[PDB]
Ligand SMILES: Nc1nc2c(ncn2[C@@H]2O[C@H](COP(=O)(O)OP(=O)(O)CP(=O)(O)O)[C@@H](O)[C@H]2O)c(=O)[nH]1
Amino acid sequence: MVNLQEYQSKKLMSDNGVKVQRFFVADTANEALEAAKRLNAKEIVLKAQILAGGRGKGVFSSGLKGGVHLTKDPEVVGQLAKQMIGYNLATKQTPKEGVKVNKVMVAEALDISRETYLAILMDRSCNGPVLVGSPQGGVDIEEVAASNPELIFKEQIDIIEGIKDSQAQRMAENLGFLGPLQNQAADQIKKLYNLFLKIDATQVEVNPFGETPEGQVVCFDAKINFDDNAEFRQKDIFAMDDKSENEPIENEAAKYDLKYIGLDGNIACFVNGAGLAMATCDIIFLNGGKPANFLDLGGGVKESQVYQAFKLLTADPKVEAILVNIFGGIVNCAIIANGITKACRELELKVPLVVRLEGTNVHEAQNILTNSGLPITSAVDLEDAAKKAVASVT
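For the sequence shown above, give one chain's structure in the form solved without the named molecule.
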């Protein structure tokens, strides 16, 4: 999915009328300085921009402790930024050596007098966008749902008519905003809904959605999940996608358009079909093994996708065997068997392959696999394939 830095999703919100803390992003200690000055704020928050959590109590390789600092003095922002940029920030949530910090956000520090939870999401169950909110802010909405379902409020929004003033006001009132603040929040809700539609979000979650003592309604923090299918019309947003904190193979697979998800097993597997891939991961587990990954080559099953898949699984050093299960797709099996033995020879894979091919030209397919001289076992069906792959690893 698309991953935005805090500064990026806040920019997205502010460029769209949503109220967020004023802020600038800096590349250099010096820019951090000038930015702290431009803010004209009583108090400033300096935050390292990395995607991982635990920044607050993380540690830089410069020795500086804390990825989030508060100060009233611009020059301290500059000095601290100098001890952040270019260094690695490690938190209880990044690899051991931390993540290089290339940018810092310098923002006005606002006090939060009240915290509520506000979310807008495409809900399958309601056939459309739902406004979900709770007076119980700053906490995971799931916990609140377990402990106090009575405090979770939902408004199903009609996609054709849009959000109604009535709906926004009622939600604001339900989140406990009062007097002028209720109209301000109701208004921020409408802007969030528009934002949600404009960027093809499947979910915009503001937590906390709250107010400052000076009576301001502010989206202090937000997480946005985007609809991958909308990429063709959200090019600028997807371009901002930060892949600097993703598992390399995950990234590589994406270059070649493959749905790759790493797991901690040693039996690699590739399948054409999301369902079949999930089922394969499942049946490997049912049979006592640990899948190394989920990989969907899709139903358009091309020889080059098979080859790229093998190239990808070459990067994982944990792989001890590969279960190939292909059934479906417009390409006959003999062409798939070909790309397999070619991949094997050329990428010089030495691990056993358990292959299950079903479809057109299976006979010839079985022949190509048998005469390859490669350590290839041809499975009867899926269960047989799982049992044989499991029998092939430690």
The other form holds:
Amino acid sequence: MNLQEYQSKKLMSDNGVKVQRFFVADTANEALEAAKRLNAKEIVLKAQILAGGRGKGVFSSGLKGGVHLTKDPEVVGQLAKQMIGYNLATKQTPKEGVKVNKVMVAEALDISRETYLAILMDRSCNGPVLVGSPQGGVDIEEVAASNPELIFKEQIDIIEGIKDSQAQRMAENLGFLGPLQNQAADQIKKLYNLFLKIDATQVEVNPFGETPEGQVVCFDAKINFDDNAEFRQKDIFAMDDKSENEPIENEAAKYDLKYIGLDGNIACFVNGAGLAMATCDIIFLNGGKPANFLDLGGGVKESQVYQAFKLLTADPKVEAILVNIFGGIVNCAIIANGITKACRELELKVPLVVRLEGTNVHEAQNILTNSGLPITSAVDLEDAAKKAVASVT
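Could you switch over to the form solved in complex with the named molecule, since the one displayed so far is the form solved without the named molecule?
Nothing else is written out below except the one chain.
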């Protein structure tokens, strides 16, 4: 899970990390009301998108930058009108872009030096690792590829925690000299402690800046949170806007159903992300375009099989539903009655191709074939795919 910048920034300040004073506005004229509310020597305008690369990204209006800097609150309302509502297409967004619904007006600070710092769990590094570079700001991946020697790594022992010798060494490799070395090392420690506290998979600060007054500040923050830790990060996961996701995605999540929309007409209902992708893969192989796949997860409950049909059919783009359940924890005959019951109780139009191979399949297929419902059973994955592309004629 990912939060906006104005949400991560708050978490950082509450844990001793130095960040910029900020305000968020939903309109362009309100961004002017907030720019004046700062009482700032300068004001920074930052489009709020969960993707990175705002600096050199262009909007659908002509504005060449998701980030702008001005000294007069009157210019923010003009630039804010060129941000809110538009898609911001950057290096890491879809070519169509992402609609910008919020913008950040913050007490802008001067940046004497830009560095890159990141804390994340990395499989190869076997646990947390500090990743930093003195060549921070804007493109970090460019310098990471050109000059690998400018990337410094410090593997942190999850048990011992971050030691002083490690924070000092990283701070020195990032170029923090004089009294700023111990100040940066202290921010690195508080960042790592925050990284562990919020069950983050990645805390990325770019630029890990250095003001002329000698204050180490995190100017931009991108915190990625472990979805598995939501049960112990309730306050944080409540902050998830959910607005940047399709409404059906949020609706499927209500019933413990993960939805991934696609540009096709054959909806897919599968148990297992790996199988769902394989189902989509084999549909292309036979000329079809899957409209989406609704991953069911191991936990099957006859209530969500009823719902699953509801969400897929809610989208008019769905011209067919492919059910592929293989090796579930619940008996197939139980899923067979939930499918029929759902069909009977919902008046299904789109053709329905069902493949069941879990436990007690012989009875399940009989429940479907002898139901008098528009249900054609499938034997294997290839059969269901070929039968799904055929039903879209």
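Superpose the two forms; the largest set of C-alphas matching within 1.5 Å is the rigid core. Numbering follows the first chain given and starts at 1.
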Query - Sole residue of 122, 197, 159, 139 shifting 2 angstroms or more in CA between the two forms, core aligned - result: 139
**Report entry** Rigid-core frame, C-alpha of residue 326, shift of 2 angstroms or more between the two forms
**Finding:** no
